[PDB]
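Below, in structure tokens: the form deposited without the named molecule, a single chain.
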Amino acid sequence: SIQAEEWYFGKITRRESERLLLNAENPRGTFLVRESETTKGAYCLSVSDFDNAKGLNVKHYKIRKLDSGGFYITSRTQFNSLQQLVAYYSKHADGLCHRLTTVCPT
């Protein structure tokens, strides 16, 4: 069940994800997964970052789920579930701003 996952915030907007993730206590890679505002059926992975150019900021990545079944940010790297996707990006930064670290406090 993706609901019940503690990093799943469901139906919260992009601005709300930023409100939550822009807290100075959050390290790089603090993150949550929410519904997409623009794509039905898709999700957004919202991730905090920090650099001396930008300070604290947030990136959003769309996660699609095919009817054939896989979950992905890039179709070149698919997962059998949202959990395994989250599990993989918590170990590999790849094209993300930072590898996933901590679940966003509420």
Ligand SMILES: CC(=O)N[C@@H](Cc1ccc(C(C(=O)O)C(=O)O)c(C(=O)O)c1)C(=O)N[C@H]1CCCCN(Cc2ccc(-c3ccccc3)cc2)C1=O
Contents of the next structure:
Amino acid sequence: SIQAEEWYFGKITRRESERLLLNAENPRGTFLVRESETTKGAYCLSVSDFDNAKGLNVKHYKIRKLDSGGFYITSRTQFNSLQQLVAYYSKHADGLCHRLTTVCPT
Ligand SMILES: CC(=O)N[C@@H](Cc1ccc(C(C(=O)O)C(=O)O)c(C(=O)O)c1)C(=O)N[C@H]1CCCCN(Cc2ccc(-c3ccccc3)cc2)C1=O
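Next block, the form deposited with the named molecule bound, ref. the form deposited without the named molecule:
Time for the whole complex; same chain goes first.
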């Protein structure tokens, strides 16, 4: 269960995820997974980033889940679970702003 994961914030809004991720103490890759605000069945991976150009900022990546069982950000790279997906992105930046590092503080 996703509801078991400490990085799963469930039904929080996009604005709220930005409020939590825009904390000065968050290093790049601080993240949380929440429900998509407008796509039934989808989730969103909200991630903190930082560069001199934009300072501290947030990126939101939609996560799709097929009834066929696969979870993914890009259909080319699928996982059997949301947990496996988070594990993979904690080791690979790929198309993300930074590899996932630590769960977002509230
Ligand atoms: C309004 C907004 O924040 N849009 C997000 C997408 C998005 C997320 C959540 C909701 C949203 C919510 O906020 O709840 C909702 O679902 O309703 C909505 C929305 O408003 O509809 C839309 C966006 O454009 N993110 C960027 C994020 C930065 C990269 C650029 N890109 C395209 C992309 C390219 C590559 C990859 C990639 C990643 C890993 C590996 C390989 C490739 C992923 C995305 C994105 O999707």
